[PDB]
Structures are given as structure tokens and as C-alpha cells.
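Below you'll find only one chain, the form deposited without this ligand, shown as C-alpha cells.
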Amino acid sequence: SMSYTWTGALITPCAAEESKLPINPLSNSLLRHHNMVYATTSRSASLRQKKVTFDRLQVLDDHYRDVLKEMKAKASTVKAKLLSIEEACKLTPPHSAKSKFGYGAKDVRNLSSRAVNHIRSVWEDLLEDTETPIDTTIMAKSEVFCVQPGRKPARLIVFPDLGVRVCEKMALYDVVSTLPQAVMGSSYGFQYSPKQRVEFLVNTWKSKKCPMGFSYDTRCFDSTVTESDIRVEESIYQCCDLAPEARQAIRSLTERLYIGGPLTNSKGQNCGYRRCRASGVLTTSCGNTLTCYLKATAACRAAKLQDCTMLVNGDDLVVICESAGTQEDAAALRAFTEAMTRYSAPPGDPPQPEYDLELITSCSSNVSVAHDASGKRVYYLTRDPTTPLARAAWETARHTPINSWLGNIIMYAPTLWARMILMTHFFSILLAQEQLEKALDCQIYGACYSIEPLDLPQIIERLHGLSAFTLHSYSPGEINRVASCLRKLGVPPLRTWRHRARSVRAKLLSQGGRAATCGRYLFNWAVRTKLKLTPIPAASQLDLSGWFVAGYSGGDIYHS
């Protein structure tokens, strides 16, 4: 079937869409070349649509079915709790899209009788109507990036009403939170923190006689998801012990929402139909991981690859296996791609076999190596800093809802670039404006979290470990990448930053409390006359488990 059908109606913006970085004093400090940073707008909607509209090709075989059973077996062990309207309401973000029925996120969290009575009807409806397609909205996602030697057309997000969204939580939250792990096990990426992802990646890499690995970029994964897939996915969920209403709920959401449905724009006009994955639903991340894993696993067997270990995060896939030689591997990978193509998951960038782990890129990042105070190697997780910086600049000169810099600092706290640039910049700013003690919302694996800036040192140590404050001697590969990015964007050089940080540090010492703590641990690198860094008392009082349990991108989740 066609992934998308269009009536001709336009994908419209429900306000004003900014596209260029403002020339501001605070931002021009971080990076000068503002004319290299852009935000996607609905103006490029049509272009995306062309790229994401086509006819799927899907042929299944024994390997696929054999793997689907292996997976269903493990799912059977699961028992998923049915959330109550009240619990589901807790999970709704405060910034979540308002309903088309007289209420928004705020009311939902407050349990407003109106918001709640409506949610009930939507539920009662799901249990009664097992066929009527459910409406969804189609918008142009606004994201910021850096120009490439054209530009990236905005991504399109499809999502149902807030009422429907709260019900999805009731029936499938516990499911999409425990099942993917019970099925894929150590291969489920969202269960790991940055430290753990690295551990798993080098531990897997070193467990092979002669390792070979590759990342696999599926071309617009969401559009390749077929009605067949969405149902196979449902069969897996159906293996869970479920409460009657939940089972009926899943059956209906599958047919009415997940496999497809009408598309309405912000103006109420009909846009077309969707016969693929809905990026903005609760089951997106879970289902994409399950589908990707299923196919890739089956593809490995079809391709005769040896001892394949998968690490899947949604549609993001990386594979480490036993090398059979340069020619044998290149032939096998090629077969793998063909098998994946028949499973309706064609490549965008033909997969290239890598023999140097640091060269493999999964979830837009890679495993690199640095050294602790003792000079002992300390493997860690990094990534090109171009996008994080473009967004950083952007977020500085524009009030953004989800500060992605806070998050980027947490996730990449031990990297060269996050420590030298991000930590420095944002703090001297927070301090200058005296915002050191303000809770800010940021994201981690799709879920929205409220974070207090000064609690960073604990968080960092608890997630990464003290070594994150003393790492040095980053590989030459890493340096050259941070070098080019900074050059390209017109970012101040190392010497400039050290001086700035050299100042922010002392700026922080003279205040004590958690503040002086930050200056002491975060900017240790700054001074040559260091300071022995010991375990932070408050580090052991942080329950960051919920932070790394499952994926929720587009799932509209908010962990209180």
C-alpha cells in the first residue's frame, strides 16, 4: 500500500515559524556564523512529503517468522498493569498539545472534571468501536540544524487528540515500558545510560575473536512500517497477560490509530491518509525498536552473518559480529541489506563495514577514548558537536520549551566539547543572570524531565563517575572533529574558552553551596593547580533509574 495519500491540502503552521538565528550578544559569543544555523519550517513540508511517500515492498520468509516466534515466546513472560485515568494523567507533559474538546494539558494534570469525563468517553469508545479510523493531526516539526556543504526539510509529526493520547497510556504505558526489554534483553538500547551503552558496546566488541560492526540507516523508517508490521507488533503485545479492557484497547488502537488513519492539518482541512507508522503515538518508539530488531535479526540469518549482536534504539540500529574476512563481510553485509529490503526496510546510506569501533555511529554517537587523572584509559560516549552547538546557540537567543543543552550536558558530560564549551557558556550566563537555581525542562530518550542546574555535579558523577571531571588526552580522531566543528561554526578556540572558564570557575567558588561545588568539579580542567576530587555526598541519593528504562520519543511522556 502507499505510505501516504494526499488530498492536496497544505500542512499548515498554527502560528508563526522562526527560521533564522537572531543576531544576539549572548549567542554571538558562542558562535559567530549565525547564518549557518537554521530551524526547519512548514515551508519545506511538501519536500518531506515527496521523500516519505511511496509504495512499500514486503516479502516475508522463514527466518522472519522463526524470529517473530522467538520474540513472542519471551513476551509471554510479561504481565502488564492497566493504568487508571488518574495515573495516565500524571504522565502528561505540561506543554502537551491541548485537546479539541475544551481542555488542555494543565486541566489533565489537575484532573479537571471536564478533561477527565471526556477521557472516559474516549476510553468507553475504544472498548465499543473496534473499527472507526481515529483522526490525527499532521504538523511540520520545527528543529534546528547547521547548513551542509542544501538544508534538511522538516520532519512531519502525526498525532491523535489528547484524549486518545491519555488512553494509550492507560492501556499501553506499562507494556511499552517493560516488554521491549523482556524481548530483546541486552540488545534494547533505551535501558542503558551513556556509560552503560559504552560498556555494552566495547564489551560486545571485545567478546568477538575478530570484531566487525556496522550501523544501519533505514530510509525514513516510519514510512517503511507496513500494516503487516503494525499487526505483527500487536501480536507481540497480545502475548502479555492483560486486563480485558486493555486487550480490547490495544486491539482498537491498532486498527483505528496505529495501522493508519486520516490526516487533518492545523486548520481542520483533510490532508490525506496514513498507512504507516504514526510518529506521534505512544507505541512509536517501542514498535520501531521491536520491528527493527525483528527484521535485522532475521536479516542476519538470511545473510549468513556470524554471531550478530544487536543494539537497537527505535529505528536506530547497530550490529557487531564475528568477522569472516574483508570480502566475505562485504558480500554478507550486501546480502543483509537485500534481506532487509525485502522486509521493507531499505537503506538510505548503504551500510559500510567497520573494523574500528570508534568509527561506528549508533544513535548519532560513537565510543571514543580518554584518560583519567591516573592515566588509565576511560572509554566514553561522544558525537559530532555541530547539531548540539547550533541548537545551543539557538536556545540561547530564543526562549525554547525544552532546553536541549541541559540534556546534552548531562548525556555528554565527560566529552571534550560539552565540558569546554557547553558547561562554560551556559553557566557564565546562568550566573550573570543569576538563574543558578531555576528548574528547567529537558529531555532524555523522549521523556521530559525537570532539572535543577546546580544538581549537575551529582548527576554527572552518578551517571558517568568522577573520571568525567578529570578526563584528558582525548584521541586525535575526537580532537580533529571538535576542531573542524569549532572552525566551521566560528566558535572561539580552546585558548579562549579556557580563559572564560578560568573565570567562571572562580566566579563560582566565591558563592559556596552547590554552586561552588559546580565550579570545583565541572571546571577542574581549567586550572593547572587542580583539586583532588572526592565522591560527592549528594551523589548517593539520586534515583536515576526511571531515566533509562525505555524510549518515548513522540510518546508524549513526562516523568514527574
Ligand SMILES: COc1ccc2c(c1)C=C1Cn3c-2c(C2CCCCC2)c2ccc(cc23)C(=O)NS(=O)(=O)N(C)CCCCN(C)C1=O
Contents of the next structure:
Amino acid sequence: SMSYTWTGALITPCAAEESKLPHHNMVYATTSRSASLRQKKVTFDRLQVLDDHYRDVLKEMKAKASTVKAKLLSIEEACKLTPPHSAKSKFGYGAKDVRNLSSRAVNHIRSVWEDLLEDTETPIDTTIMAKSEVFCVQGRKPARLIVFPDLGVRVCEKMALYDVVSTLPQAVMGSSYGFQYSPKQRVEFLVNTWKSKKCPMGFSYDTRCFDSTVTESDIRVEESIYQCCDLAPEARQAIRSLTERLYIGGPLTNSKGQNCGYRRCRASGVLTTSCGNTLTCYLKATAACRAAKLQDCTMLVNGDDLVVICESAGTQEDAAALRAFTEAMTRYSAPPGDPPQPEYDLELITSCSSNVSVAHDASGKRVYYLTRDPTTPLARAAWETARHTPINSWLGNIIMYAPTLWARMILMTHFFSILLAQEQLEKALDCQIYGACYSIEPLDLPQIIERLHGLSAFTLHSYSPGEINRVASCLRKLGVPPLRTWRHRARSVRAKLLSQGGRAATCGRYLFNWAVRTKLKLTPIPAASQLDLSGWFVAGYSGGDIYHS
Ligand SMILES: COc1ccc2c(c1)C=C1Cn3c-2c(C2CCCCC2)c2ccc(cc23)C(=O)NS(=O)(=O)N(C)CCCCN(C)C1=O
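With the form deposited without this ligand in hand, show me what the form deposited with this ligand bound looks like.
Every component of the complex follows; first up is the chain already shown.
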């Protein structure tokens, strides 16, 4: 079974494509012009051999799934989960019509749903497009490819599966399900799991082109888990029909409506992508841990992103065991890109593109937090400054990386400076968190941050020398002014925000307290504990077309 087959029709754009900004020669956005390069990478044969460990784990997973009772969402509910700028239907209505419950949209959606009950076999058409993502040069990344069904189908997926994909992974995987954690909760789990071992070893495992390694068997095993839920009859049939007609594979159509080929692996743009990937990664890895005889494994899975922390049995012993792990994973159809390295320092493990590092609070107590190399964040921030973007990655990065030296010194200072200069401070902006779109007001940051990271996110200091160097290195490389310039700029943004009063004075006070030396005594913000953040860190939805507001 080939992950893809191709006809020769191009992966076409549907609108003009900018590759560069209008050191800025280092930043680029991917385009359909590099799609052939990606097609080559993601196209291969999958050989899969299942063993007893795999089957044991699956049954364990299904017994936990069998506690779940999932609800069918109403049309209205599913419509309201649709992002305002979601791709329009080929049937002559758009996302705004869906959210408005326009007659044509609803009647098409109802027709798609009935067709899932009435047709159990006919492959559902999908669109394949090159994704536009910004990066900094190293070699140069080709465009990722996105594969998604029509809008009417996506609304139907929600109806059948939103509650399942939102509830089941935690039911099945418990503390291992990564998307239930805010960054502080994630860091807490990572450090506690590290501290709980007598002699800890840990590694990240990077599967090469995970979506393509996902087999038809994998996707039906996934369905077998969903089917353990108590389901409405129509939900059960829709899940079965969606599985056979969409999830396992189908025809690929370009933006010009030409047939590009055929898919027999995971679609990146379906509701079940994150959940499916998570369950599948967790299944294979847990089995592989047993095959390798890894002792007292604790794992954390976020889709295809995997970290395992375990008991060390000695250096040479662990190496041997990682190799057994990787061989088992490979048998399961998940060979690695980079071979995995055993790690005896928690900070040296990168997972969800992040590592643990340490700073100190105002009292000088150690505080663990999550950080990353800031190159991509800053590149995307630069792009977003210059060109209009719907999804503001800078706002997501400030939220998720609030405690970091770079998020605070550069990102807050820069964007608050711009918002101040355009008087667009209260203006709500979309951003993605674990794949779900969120509309957020910049002036609401300080409360959001206390509730996600604690008050210590405003008082961290005495950062790691290695973290310090990575940030300063990054700035010189990208031509960004050094931290001393950002401290001068923070002081100016701070004074202005304070003088605005209201929610601006709050931002100024809490967000830029680091910039001044005679510091202010920060104490809990009232509206922070009162903030409703339900459904924020509940599940992953990359590619699932989900909007929360
Ligand atoms: C590889 O992709 C990147 C990454 C970073 C930058 C850029 C491209 C584009 C850049 C450099 N740059 C960049 C940023 C980023 C920092 C993070 C937030 C987005 C902007 C600057 C911020 C201030 C400044 C300059 C910043 C800044 O104030 N620079 S400056 O010396 O005072 N100068 C007077 C302003 C020039 C504007 C920057 N510029 C032309 C760039 O090409």
C-alpha cells in the first residue's frame, strides 16, 4: 500500500503566493512551487507487522474507551464550531453562511449527513493544497500538504465526532494525553515524572512523515476504539461511513478541480487527525516500550509528538533498548526521522518543539517553565508585522511562552508598541492553540498569563546561561537588536500604557515590570481567577477546522 499515488496534475494555488517579505532575506513563506519536493517525501510503501504486544495494548485501550458515552452535536452546535474564515463549500456557500445557518448551507449540510447514512462506500472527494508557513533559512523546507473535504462534510464530522475526539483520548490515555495540559501543567507533569524515577532516562521519538505512515489498518483500529463508545445510531453509521469513505483514503483534487491522485494514509485536514494520531502514536509506542522491555515508562503524547521518561538500567543497556524500541516502532509502521537519543538531563529533551528550562521567581526560588529556540516565532512575528495575517502566531506564542525571556523582552515590547501606535489595543485577534482558533483581546493577556503560568511569569529572572545565549545568538543571526535595546523599548511602551489607565495600565504594570529596576510588588489580579478558560487545554484539533469564541 502506497501512501499516495499521483496522476501528474499539479498541486496548484488558488491565489497569488508571496515567498519573501516586501536580515529579511532569511525569512520565507512556503508555496505550491515546492509541493513536488514534499510529494516525494510523503510518498512510500508501508509494511506493517502487528504482534501480541500491540494487540494487548489495543484491548486495554478499548476497555477504557468502553466507559465513554458520546453525544451527537446539533447542526447549530456544529455550525458554531466553524471558524469564520474556513474554506467555502464548492456548493455555493461559505463559513459565514454556516455560522449564520443560511438556508442553502443547512440544507446542503443535511444532505451530506443523509448521504453518510445512505451511502457506505463511495470515496468522498478531498482537496489537496500546499500550506503557507513562514520559516528562517538554515537548506530550505518545502511546503507541507493539506488534505481536506468540503465544508458540508466538515460540519457533519463535528456532529458525529466532536464529542468523541474531545472526550475519548483522555478517557483512554489518562495523564499521557498531552492536550489536557496548559504549559505550566505540562512542565509540572514532566518534572514530577522525572523526579519520580530513581534514575531517569528520557527520549523524544520523531516519526518520519507520521501521517503517511498511518495505514488503513491503523485508521480502522482507530475506528474500532471509537465504536466502543455508546453512540446514537446515526452517529455510529456516520462514523462507519466516514471511516470507509474519507478517513482511510480517497481521491485528491487540486484547486483547479483536476484529479491529482489518491491517498491511502491520514488526511491532515479532518476532524479526527489529532485524536487519530494521538491514539495511534500512543498504541504503537506503548507496545514498543513493552517489546523493548523499557522499565517504568511514563509517556506524553501530542498527536505524532512523543516523549517517554523511564527507569535507567545503565548507559549501554538503555541505548540497546532504544534501538529495540525503534525497531518495534518500525515494524508498526513508524520508523524514525532522526534516530532517538537517550537523555539523562530533562532540559536536553525537546518535545512539542519545546524544552524545560529554569529561572527564579522574585524570592529566588527555582521555577521550571517551557521554552524553545525562538527563531521561527520571531520570523513569523516579523512576517505578521509586515503582511496581513488572519492567525496571529505572535499572540499564541506570548500566551504559550509567556514566562520566556524572548516572549517577554521582544514579543510583548514589539507588539504592544505597534498596538499602542495604531490605537488597536482592544481589537480582538485570532490565534491557534493546539489547532483550535481563538479570538483574543491583547489587553486581556495579563490575566490569561497568570492563569496559565502563575504570577511568577511576571517575575522570572536569573535565566539559564544556555537559554540566554540561545536567545542572544538568535537575535544576532536575524539582525534583531540585542536585549539591552529591548529593555529601553520596554520602558517606553510601559510608561505609555500606564498613562492610558484601565486595562492598559494593567498590561504596563504586569507585562513590563521586568524592564524597570525599582520594581513594583505584583499581587494576584482579581479577574484572573474569575476568567472562564473552559475548553482551552482539553483536546488537540490540528487540521480539524475548530473555532472557539
Ligand atoms: C528572519 O525573519 C526576521 C526576524 C526578525 C526580524 C525581521 C525578519 C526583519 C527585520 C529585523 N527585525 C526583525 C524584528 C522582529 C522581532 C520579533 C517581532 C517581529 C519583528 C525586528 C524588530 C525590531 C527591529 C528589527 C527587527 C528594529 O527595531 N530594527 S531597527 O534597527 O531599529 N530599524 C531602525 C528598524 C528596521 C525594521 C526591521 N527590518 C527592516 C527587518 O528586516
